[PDB]
Amino acid sequence: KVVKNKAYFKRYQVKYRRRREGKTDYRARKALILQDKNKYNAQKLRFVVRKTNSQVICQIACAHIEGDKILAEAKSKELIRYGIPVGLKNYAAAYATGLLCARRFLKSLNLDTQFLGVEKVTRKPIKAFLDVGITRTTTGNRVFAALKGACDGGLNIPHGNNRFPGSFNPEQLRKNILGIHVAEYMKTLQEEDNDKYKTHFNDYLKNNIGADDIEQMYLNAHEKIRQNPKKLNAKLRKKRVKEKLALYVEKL
Amino acid sequence: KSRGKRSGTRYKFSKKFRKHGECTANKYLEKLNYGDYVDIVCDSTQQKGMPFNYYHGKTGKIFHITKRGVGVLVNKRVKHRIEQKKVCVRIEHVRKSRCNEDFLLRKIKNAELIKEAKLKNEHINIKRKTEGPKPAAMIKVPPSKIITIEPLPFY
Amino acid sequence: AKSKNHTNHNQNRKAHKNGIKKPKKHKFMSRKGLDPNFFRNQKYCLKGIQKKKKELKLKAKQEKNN
Amino acid sequence: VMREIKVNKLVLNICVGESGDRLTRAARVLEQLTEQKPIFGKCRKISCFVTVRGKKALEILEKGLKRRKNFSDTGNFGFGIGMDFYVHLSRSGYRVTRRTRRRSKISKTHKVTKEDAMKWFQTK
RNA sequence: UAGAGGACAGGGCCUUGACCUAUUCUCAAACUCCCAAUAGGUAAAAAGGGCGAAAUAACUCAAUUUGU
RNA sequence: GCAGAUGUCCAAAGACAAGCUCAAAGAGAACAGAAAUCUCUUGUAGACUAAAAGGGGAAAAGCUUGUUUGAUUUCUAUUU
RNA sequence: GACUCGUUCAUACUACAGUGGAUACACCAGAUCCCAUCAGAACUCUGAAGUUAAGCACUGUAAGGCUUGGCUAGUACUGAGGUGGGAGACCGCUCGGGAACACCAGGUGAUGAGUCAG
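Which chain is which? The protein sequence lines are Z, S, Y and G, in order.
According to this note's numbering, the first sequence holds residues 574 to 825 in order.
According to this note's numbering, the second sequence holds residues 67 to 221 in order.
According to this note's numbering, the third sequence holds residues 0 to 65 in order.
According to this note's numbering, the fourth sequence holds residues 20 to 143 in order.
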């Protein structure tokens, strides 16, 4: 038999477009968006962190029946203007995107002087809730890196220590948000074999980014960013198909 | 002999064709106010917070709102009289109505028209027209388009 | 003796003989047990506004009654 | 062009149909073959197997090299000897049917098929 | 209920079937891709509403001023 | 009247989270067969969901794993 | 041109071919650390040597399907009336309302908010 029968096509029910594309969830989404109906105008702003295979994006989203509205946006590719010309998928890159997003959103809402955030590494503030983005939120993930960066920027999102590196390692959290592990990998790879080190970090070596330079470079970037924000119609279809039939009369 | 909760809903509560799967992810986002008029539609994808057998399709008004519950007042007939009944349902099943959007549009039109009408001091038959007898007029038709009719034979 | 087990005849006519009765539709509906922690605030709201209005009433009454 | 069919999966299959002792011996010999721990079947416990990739796959395939009918339609095959041996080959970009973000299927133009499977086999 | 066409088992290229593609005859209180008339429900403005200020709160919102 | 069923069972078959996706059919691979294990292709439920039947269920309401006992005290508004 | 978050939830789907690769997504190199397994296949992390082959975007099929309109057809059907007809089963008439399947024609989306690139 054939499972691709016309009856099967007739009975098929299409999925939602986003679910078919695999972009969304439509259970976490509705749980995130819906708020208690007892309260009114509760927008329940959602922070959105999406990691591509190249760079991450951080947005602030509000809900509507007409559709989601985006208030503030940040890409990983803005770190060049802040001193980071390479490695925009990095853990520190995600942290910087989160801090950039938080600072721009606060400035645009005019609460910069009212929320200074925190310093370096260890009325109620405005609220946001973190997007999962399908990706399995295991311990030590770039999404939670950006979450910590936003919280340090001045946002408030309820988060535990379970998926922060360690189960709790503040030293490793500092190292990851500062890029220390990248430096250690550079050290180990350089010691073990120079060939692999150069063929891997060719661009880092091109820009001459030393191992003991990454952490200070990211720290300087963080301080700077904190102090400064064609078609065919029916007639042609019939014409061309009748021509195709005329050719197939004597073609094969 | 049997009068259980969901009795006789083999088709009524059944989701319509090619409409299976969870409720639309935007139905949660409707805005409700005390005094609004609302319709009750029993969906089956959601299970808890469910309306009952009789109330499917009825109307009412919003008088009670909780974290997720909505209490609606309905007039249900019983023999010789009508008695108010308060039913608590959930947001998935409840649905904003249209029974008053006509009257709301009429009120908005009144507000935006009779204002200028009063400004000019004109009286209008602002009551709904209910068009009855058409007027009498003259029309044209050439003799080249009059097609006669005649009863048909049998076969 | 066989007994008729049910009927619903004449019931509608009996119902409409007295006319289908309507509920009185009073204005206010009680808030005995509806969604507390909101009417909890609302009662304090009413007490405050009443207190201000009545204290101003007494102030005016005294300044007019000497 | 990178329409080269890199080796994708090798699997060793063991089936005894009895309890341990002999099953443990099969596990022991599979361990001595490849250090990766084996995986069991069902216990309606009656069979085990293991999967491998990479240089190990190349070496074991060459070892098993020592009939062109048993090839499957989609460029897969295998044989026995008390062990088993089975292989799965595919072209690059197979990830798009497995990873979670944009799950979607591969067109038939990218698959391998048996006609190319024999060519690859007798080439290597 | 019958044929049209088509690559697993049985025996002497041949047969038996099963099986697959598109057709055909007729049905279902406990079948439904569809869908009536009847019957059912709600709204059609004054103890109400629309449009801004001024107060109140221990409620909500990042907001004693966001709103309710 | 008709077609049946109930006076039980379950620390998991309850709660939550996370991961995966079922039947079936074909294709292939020692013993190995109509059926035994694995892998591939197709696959809107054709399986599964304690029980009878009827609904609902796909990044789940199903399968596997993890942590757990909200299967707790007291009290309202109410529907059948 | 490209992406992110949405709505509409099949005209958006599916099968088969053709077209498009600077950032774009994406394939892709690797497993020291966070992280996971029987397996770095998946997941996580770090990269950018090679890449339209694939996904993704667009187009094509007397493509299936879907979806509108015509037609099926005032047919089947039915509310009220009838000292209408017919032995009955049923079938007319007045005032009324009104189908579906199959068939034919057309089409394969629209869209909000935000950003990058030139």
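Rather than coming from a laboratory, the hints here were simulated on the basis of the structure.
Misleading hints may appear alongside valid ones.
Straight-line distance between alpha carbons at most 20 Å, and here's what the computed PhoX-like set of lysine-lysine pairs gives [said to hold, decoys possible]:
no., chain 1, residue 1, chain 2, residue 2
1, Z, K612, S, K133
2, S, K151, Z, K603
3, Z, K812, Z, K824
4, Z, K650, Z, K812
5, S, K152, S, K124
6, G, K85, G, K56
7, S, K124, S, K81
8, Z, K612, S, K162
9, S, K127, Z, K583
10, S, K151, Y, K26
11, S, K127, Y, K46
Now for the hints, and whether the structure bears them out:
A hinted pair counts as satisfied when its Cα atoms are at most 20 Å apart, and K612 (chain Z) with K133 (chain S) qualifies at roughly 8 Å. Restraint check: the Cα-Cα separation between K151 (chain S) and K603 (chain Z) comes to about 31 Å, which exceeds 20 Å; the hinted pair is violated. With a CA separation close to 18 Å, the supplied pair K812 (chain Z) and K824 (chain Z) stays within the 20 Å bound. Between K650 (chain Z) and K812 (chain Z), the direct Cα distance comes to roughly 50 Å. Violation of the 20 Å bound is thereby established for this hinted pair.
With a C-alpha separation of about 13 Å, the suggested pair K152 (chain S) and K124 (chain S) falls inside the 20 Å cut-off, and the hint holds. For the hint linking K85 (chain G) to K56 (chain G), the alpha-carbon distance of about 26 Å lies beyond 20 Å, and the restraint is violated. The suggested pairing of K124 (chain S) with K81 (chain S) holds, with an alpha-carbon distance near 18 Å, which does not exceed 20 Å. Distance hint between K612 (chain Z) and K162 (chain S) is fulfilled; the C-alpha atoms sit about 18 Å from each other, no more than 20 Å.
For a cut-off of 20 Å, the pair hint linking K127 (chain S) to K583 (chain Z) is broken: about 40 Å separates their Cα positions. Taking the CA atoms of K151 (chain S) and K26 (chain Y), the gap is about 16 Å. The hint holds against a cut of 20 Å. For the given pair, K127 (chain S) sits about 29 Å from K46 (chain Y) by alpha-carbon distance, which is inconsistent with the 20 Å threshold.
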